[PDB]
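Participant: Letter by letter, the chains look like this.
There are 2 protein chains.
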Amino acid sequence: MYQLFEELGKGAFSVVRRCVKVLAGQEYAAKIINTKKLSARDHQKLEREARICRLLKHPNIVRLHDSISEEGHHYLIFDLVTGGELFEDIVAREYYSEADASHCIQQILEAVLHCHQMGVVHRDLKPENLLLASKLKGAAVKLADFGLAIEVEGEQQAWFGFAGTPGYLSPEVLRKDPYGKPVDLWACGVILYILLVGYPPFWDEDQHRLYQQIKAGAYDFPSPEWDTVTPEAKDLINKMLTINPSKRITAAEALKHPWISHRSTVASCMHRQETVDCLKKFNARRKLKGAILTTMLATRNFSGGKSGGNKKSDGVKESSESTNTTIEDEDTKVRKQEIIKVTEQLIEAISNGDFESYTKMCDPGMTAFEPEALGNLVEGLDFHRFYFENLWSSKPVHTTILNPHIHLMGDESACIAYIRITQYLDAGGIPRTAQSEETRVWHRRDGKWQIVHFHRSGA
Amino acid sequence: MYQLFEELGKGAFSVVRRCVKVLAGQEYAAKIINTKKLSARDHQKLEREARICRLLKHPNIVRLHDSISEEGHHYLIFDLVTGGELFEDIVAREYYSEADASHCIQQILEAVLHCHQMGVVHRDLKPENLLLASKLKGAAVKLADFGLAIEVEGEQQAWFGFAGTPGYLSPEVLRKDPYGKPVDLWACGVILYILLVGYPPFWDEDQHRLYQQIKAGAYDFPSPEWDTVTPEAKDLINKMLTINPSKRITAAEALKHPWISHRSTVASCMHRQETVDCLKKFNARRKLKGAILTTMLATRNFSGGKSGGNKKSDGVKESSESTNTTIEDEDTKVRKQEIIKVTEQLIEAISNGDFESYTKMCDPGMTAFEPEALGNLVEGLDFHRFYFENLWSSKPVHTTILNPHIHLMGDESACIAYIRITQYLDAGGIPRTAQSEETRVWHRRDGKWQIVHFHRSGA
Numbered sequence: 000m013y014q015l016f017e018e019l020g021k022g023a024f025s026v027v028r029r030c031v032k033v034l035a036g037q038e039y040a041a042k043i044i045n046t047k048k049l050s051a052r053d054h055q056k057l058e059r060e061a062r063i064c065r066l067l068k069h070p071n072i073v074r075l076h077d078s079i080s081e082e083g084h085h086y087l088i089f090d091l092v093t094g095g096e097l098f099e100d101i102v103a104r105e106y107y108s109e110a111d112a113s114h115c116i117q118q119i120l121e122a123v124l125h126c127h128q129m130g131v132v133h134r135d136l137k138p139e140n141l142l143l144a145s146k147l148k149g150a151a152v153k154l155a156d157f158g159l160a161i162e163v164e165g166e167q168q169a170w171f172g173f174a175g176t177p178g179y180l181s182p183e184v185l186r187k188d189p190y191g192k193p194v195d196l197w198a199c200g201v202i203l204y205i206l207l208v209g210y211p212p213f214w215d216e217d218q219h220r221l222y223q224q225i226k227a228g229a230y231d232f233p234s235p236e237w238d239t240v241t242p243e244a245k246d247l248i249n250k251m252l253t254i255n256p257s258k259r260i261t262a263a264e265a266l267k268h269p270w271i272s273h274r275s276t277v278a279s280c281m282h283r284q285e286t287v288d289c290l291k292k293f294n295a296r297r298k299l300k301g302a303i304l305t306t307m308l309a310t311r312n313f314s315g316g317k318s319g320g321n322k323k324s325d326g327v328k329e330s331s332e333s334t335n336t337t338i339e340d341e342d343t344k345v346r347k348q349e350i351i352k353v354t355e356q357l358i359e360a361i362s363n364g365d366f367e368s369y370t371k372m373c374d375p376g377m378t379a380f381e382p383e384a385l386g387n388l389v390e391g392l393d394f395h396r397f398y399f400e401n402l403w404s407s408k409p410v411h412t413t414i415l416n417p418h419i420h421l422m423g424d425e426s427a428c429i430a431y432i433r434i435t436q437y438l439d440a441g442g443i444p445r446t447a448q449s450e451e452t453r454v455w456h457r458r459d460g461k462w463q464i465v466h467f468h469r470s471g472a
Numbered sequence: 000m013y014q015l016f017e018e019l020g021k022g023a024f025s026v027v028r029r030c031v032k033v034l035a036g037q038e039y040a041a042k043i044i045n046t047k048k049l050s051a052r053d054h055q056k057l058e059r060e061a062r063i064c065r066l067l068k069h070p071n072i073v074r075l076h077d078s079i080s081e082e083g084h085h086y087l088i089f090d091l092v093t094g095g096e097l098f099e100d101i102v103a104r105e106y107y108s109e110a111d112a113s114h115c116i117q118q119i120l121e122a123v124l125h126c127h128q129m130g131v132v133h134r135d136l137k138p139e140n141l142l143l144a145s146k147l148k149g150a151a152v153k154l155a156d157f158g159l160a161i162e163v164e165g166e167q168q169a170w171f172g173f174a175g176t177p178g179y180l181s182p183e184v185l186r187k188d189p190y191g192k193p194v195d196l197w198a199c200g201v202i203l204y205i206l207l208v209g210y211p212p213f214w215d216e217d218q219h220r221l222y223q224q225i226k227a228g229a230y231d232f233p234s235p236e237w238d239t240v241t242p243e244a245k246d247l248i249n250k251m252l253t254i255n256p257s258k259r260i261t262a263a264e265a266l267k268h269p270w271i272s273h274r275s276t277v278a279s280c281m282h283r284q285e286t287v288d289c290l291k292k293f294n295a296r297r298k299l300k301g302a303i304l305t306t307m308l309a310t311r312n313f314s315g316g317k318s319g320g321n322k323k324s325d326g327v328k329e330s331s332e333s334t335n336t337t338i339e340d341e342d343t344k345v346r347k348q349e350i351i352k353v354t355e356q357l358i359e360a361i362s363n364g365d366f367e368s369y370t371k372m373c374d375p376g377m378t379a380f381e382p383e384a385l386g387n388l389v390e391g392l393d394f395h396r397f398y399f400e401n402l403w404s407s408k409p410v411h412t413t414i415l416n417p418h419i420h421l422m423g424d425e426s427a428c429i430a431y432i433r434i435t436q437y438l439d440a441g442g443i444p445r446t447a448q449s450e451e452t453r454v455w456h457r458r459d460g461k462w463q464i465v466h467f468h469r470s471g472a
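Residue numbers (the authors' numbering), protein chains in the order written: chain A, 0, 13 to 404, 407 to 472; chain L, 0, 13 to 404, 407 to 472.
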């Protein structure tokens, strides 16, 4: 059904690759999950993932088009978004302000609101899920990958398991409390914070200490970098990083916060180069912490090409190697014989009165000096046509070429000079003979020798 | 004094590099020891290493030429041997028999005998110290690197320290007994054994167990591979791998052993492919042990393989239009003008009667059709010399070129045709005028346009 092309990204248990639907000619992202490496439970919960992703239809959420299981693999086929990570893109930009971070978070909150309204909680919101739609300027931010997402019943809270990514885990998940939609607003607070200053609010080498920090809500806004952040951006972060989920801002309420809904009078317009610089290091530390799959069993993409243009074959090499040095300077020249071939064909074409073959061997802008031109230079083949039509269209005539000399001037140019003697009969012969001295200038154009100019004397 | 070139090998505390003595023009191996990484004691014992290596003059031992200390480095400059390791070379050979291993061990024992006679014990004999003199067929085996070597007093034994390489350590060193020359004969037994079957006599993942094996002398000659080894090769190994150093064969006695001294009637001539195959893996395991710590100026990427792909670009370049406005729009390659230049210089050279400049612009084998040749084809410049000498060496004469046409036939070939009109005076002028139709065939040879053939009419 599909054809897999380049890899776009990875997880521990999946890769994502561009693919093309064979019969459609439409391109998609294939999430390829190695089901041999999953627990029975995580394999089974792929049914829930597939279902959640079909439900979700929103401009800031990548949607599922298809789901396929084979013996060792499951395939979840989504829309292709080609801009890569938001976070990578932010560091390559010429300007980045609070006003620009607000537009990022608004798009994320719109997506999250839509999830929550459909009874879906993402549970594992992090920078890796934040993709750009395309490489075009101002492409939309899009949520991608809901592999840890859950379905909830209205506003009911439950214990859905300990799942998430350490730095983005909510206090309630860490306290083992029943939970729901607010877990995603905590993670948005962590993302917003990183979007403003380029580093996370909670970090510790010791994971147990990290969790105590999260549960305590022990983040800060240190100078110098927070001194130029507006009080309203800090207020929104505070409202999201509220320890008690019943008191945490919802996605609907966050979207009405002035730093989002009154962005144009509230959010700062100042470029934050230090954020861009810190985010580079953040981005880099995220790409070292990882793992690699053992094997790479893959299919073969279409291969080959047709050759472009015409190339000369040339003389075949006599052997792979020999004692005698290759390319000796003094040797018999076949090339001169090639010129002799096209020249004999020329003389035969003139003798037979075949203007058709004479045209092929001559350049359309052929130059000519001949006694029939009375000392003038003639261009084209119109002039010799009068002799092809009238005279040569026919008593016995014998031509004789004497003392031919050939000058080879590269692969594509040559010149031959010789004496032509013609034996013929005039009226009631009386056999006659005539001499002329002829020069032909040959030039190979597109793999074919053509006369560019010729000179004749005494005829 | 010296110039360092490529690296040849390494240790933990030294690299070896080819170098050239600036004022000599002689090449050597420089052992470069980073003295900042040595203990005070090992730095000090470089004096002993330098001394031992000057003492030793033998055909199967690489000798020291010079010793230099700088602030962070010591340099021990030795003869360059270019064949690499014996062991690497054995696996690339077309044939390898007991008789060939006997020749290896004889050379090693000769070197060791010479050490022992000079009161030097190597202490760390191993495959890495066994180098070939050159890449020539039958190059000698040479001992290289005596960094753990000691000086002994006659036949006196002492405790010189625990030093060596685990697999080659003698029982007496492991028992902490005073020791001397026999430690090197134990290591030769281990080397001989590896030379015969391609694997070591003592091996264990657990170093403490390895040492108990060594101290017990618990090696064996298992079938199938030892079944075709002669009893005399096994006898020599047994004599060397004798636990009690007072009973171990000496280097002098080993050299008189029939498997060495009667090689031609005693040592088998049968190719041992299984030894060659095992030795490949042995060689590979020796080159990949992980270092305990890694220290370097740059991370370092290895260079090798091939350089395929990289197709060359076509290279055509567009010509910018002149910025000043032009009344008529024309744009031929300045190449046509180049032909016009050399042609005008030709006409001026003929007019001035300058045969010198005329010779340069003409090919030595120039072809010519002209009325002065009476319908014949003339080769060379001898024919026109008569006109340069006599006539042109001189009344007022004016030349006029009419209707020039140029055919460009590649970068190296061109052809120009034109009408030449000459105004002159005959006897007592009476101004006269003459017409001729001329064709020149130019060819660039070694960056210079030369006439290969020319044609003239009506002159």
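Bear in mind the hints are in silico, worked out from the structure with no lab data behind them.
Incorrect hints may have been included.
Copies of one chain are not kept apart here, so a pair can be met inside one copy or by any two copies together.
Below are the DSS-like pairs computed for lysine-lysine, each with C-alpha atoms no more than 25 Å apart in a straight line [stated by the list, open to error]:
(1) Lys47 to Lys68
(2) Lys137 to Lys292
(3) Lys187 to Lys226
(4) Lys48 to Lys300
Participant: Does each hint hold? Answer for all of them.
Facilitator: Structure-based check of each hint:
no., hint, in the structure
1, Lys47 to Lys68, "neither (30 Å within a copy, 66 Å between copies)"
2, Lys137 to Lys292, "within (16 Å within a copy, 47 Å between copies)"
3, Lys187 to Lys226, "within (11 Å within a copy, 60 Å between copies)"
4, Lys48 to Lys300, "within (20 Å within a copy, 31 Å between copies)"
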